[PDB]
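Taking the form solved without the named molecule, here's one chain by itself in structure tokens.
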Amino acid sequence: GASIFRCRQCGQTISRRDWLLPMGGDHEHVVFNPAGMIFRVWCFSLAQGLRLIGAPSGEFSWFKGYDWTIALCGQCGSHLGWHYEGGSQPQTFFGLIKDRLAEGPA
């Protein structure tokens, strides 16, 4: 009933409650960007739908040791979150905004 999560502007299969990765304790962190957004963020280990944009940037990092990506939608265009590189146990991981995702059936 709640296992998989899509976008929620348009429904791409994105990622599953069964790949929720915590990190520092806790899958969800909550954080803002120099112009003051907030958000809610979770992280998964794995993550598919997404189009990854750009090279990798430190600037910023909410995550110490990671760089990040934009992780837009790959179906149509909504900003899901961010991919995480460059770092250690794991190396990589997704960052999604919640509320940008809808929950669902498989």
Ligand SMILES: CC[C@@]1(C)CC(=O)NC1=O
Second form
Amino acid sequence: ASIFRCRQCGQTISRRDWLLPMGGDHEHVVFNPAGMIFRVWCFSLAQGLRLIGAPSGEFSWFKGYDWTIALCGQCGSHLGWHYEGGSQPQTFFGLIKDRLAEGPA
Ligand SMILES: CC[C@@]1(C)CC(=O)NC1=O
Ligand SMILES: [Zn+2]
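Form solved without the named molecule already given; the form solved in complex with the named molecule follows:
Expanding to the full complex; the earlier chain stays at the top.
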């Protein structure tokens, strides 16, 4: 169990080696304004996504970062957000843990 695939279609997305402990922890449990709870795992890098629209700072869970919605590039499933415009690191991915499947490389 070392790579993460899209749970809906199997697209390769990220790797356990790429987990990023933001604020001391790779896991952040957060809510959006519609009250949905997300268990977000932070990754330094991802692939196989499609980033939609232009970045926005509104309601950002991570201070100094602007977000863009990240869909699975294959099936369109909403897998998380790409973060940018911040510092150390400038960018990273916050991916929804229960929307990924973990398994061998
Ligand atoms: C509304 C945008 C999202 C869902 C993404 C974020 O970082 N904060 C949020 O609540
Ligand atoms: Zn997919």
